[PDB]
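One chain comes next, on its own, written out as structure tokens in the form deposited without its partner chain.
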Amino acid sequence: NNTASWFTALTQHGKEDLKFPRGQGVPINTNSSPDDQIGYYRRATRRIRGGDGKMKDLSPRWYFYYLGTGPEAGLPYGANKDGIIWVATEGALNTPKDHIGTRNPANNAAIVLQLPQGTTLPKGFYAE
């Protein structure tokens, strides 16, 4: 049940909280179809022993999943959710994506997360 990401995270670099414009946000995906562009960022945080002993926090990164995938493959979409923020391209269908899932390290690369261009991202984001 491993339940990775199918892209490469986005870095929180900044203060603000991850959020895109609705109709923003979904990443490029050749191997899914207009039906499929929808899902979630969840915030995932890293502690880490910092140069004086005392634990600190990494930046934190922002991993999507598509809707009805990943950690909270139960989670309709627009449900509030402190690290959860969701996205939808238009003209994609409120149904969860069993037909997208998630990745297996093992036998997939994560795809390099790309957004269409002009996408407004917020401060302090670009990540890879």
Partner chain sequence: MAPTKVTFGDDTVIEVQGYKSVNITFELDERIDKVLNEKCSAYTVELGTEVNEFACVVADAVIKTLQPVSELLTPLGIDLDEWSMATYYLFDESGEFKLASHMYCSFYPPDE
Second form
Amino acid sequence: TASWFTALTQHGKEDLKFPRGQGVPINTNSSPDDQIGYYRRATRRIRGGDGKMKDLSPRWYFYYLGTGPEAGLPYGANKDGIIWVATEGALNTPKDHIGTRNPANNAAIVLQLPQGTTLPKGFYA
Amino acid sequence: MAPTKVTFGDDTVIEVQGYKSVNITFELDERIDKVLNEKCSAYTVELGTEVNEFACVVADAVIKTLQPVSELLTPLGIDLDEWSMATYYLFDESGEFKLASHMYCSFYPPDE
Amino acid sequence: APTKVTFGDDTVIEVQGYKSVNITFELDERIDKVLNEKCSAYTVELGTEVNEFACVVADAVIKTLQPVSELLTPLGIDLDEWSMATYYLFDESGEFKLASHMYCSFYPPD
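I would like to compare: after the form deposited without its partner chain, may I see the structure of the form deposited with its partner chain bound?
Every chain and every other molecule in the complex is listed next, the one we just looked at coming first.
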């Protein structure tokens, strides 16, 4: 089971971060109650054509508060490779109803952010 | 699928089909991966095939390669009837689900 | 070179294989968009080395910008420096590997 959305890829030295209010991915089939959750940095280690293990660019995946690989973490929990985002008016309640994405039944939404939101240096389009 | 028909002139029809030569490095169980790399790792794939459909081809190939020796695998801990029910991830050296000359086959997706 | 395939009836076809490469530029946030619009699309001989391809992309940048060099110097951009820097092409995983979508930068990736 996977993120409902595609990933933000970190190409610079600096981790993913969002100003208060910013960062929740756009998706209809969500009331303002549901605009809260975390991005989780994945690790991708694949061997290259030369046989040596490669550390590929980190991918950050959004999950709704109370869902996915860190469904246990309370909002704002300080932990490496986890950042929190909430749109104003979201509710500190697990988003069980939105759950996680099943890759067989559903393609992942493209992650787009309302224009104007700030991405750290190193994150592209 | 269907060869593409490309037409020149009054009546000349060239039929063109496109393929990728895919070589898979298997990463399912280290104790048997090398037999898989030797037996069922070469494929010729139509450039438009969806990778999750090519995955199914590869899956069927490891099971077909492994039925004959199923009884040497149970002591190892390997149950083919559960291997045959599992999800096969195919991806390139960048961890993308994209056909490539060299791909990896694993039971666990590239992002972790 | 194009491969010649010879058929019955003295019909010969020349075939050549390419890869569609789209570049996203990350050289200077102030002009990246015009680079994206004007010199981002490439058709590349299959098997081309990423190093050779970077020289090609670098040339297209200079070529594209020189007719507006006088408008860039007010922006702090000297095309003669640009003309002689190293350009970094890498894929969505940070790999110096030719791919359908790549990034172009003055600094190696992560």
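Residue numbers count along the first chain shown, from 1. In this text, rigid core is short for the largest set of C-alphas that superpose within 1.5 Å between two forms.
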Exercise. Tell which of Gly74, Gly78, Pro34, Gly50, after superposing on the rigid core, has its C-alpha displaced by 2 Å or more between the two forms, please.
Key: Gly50
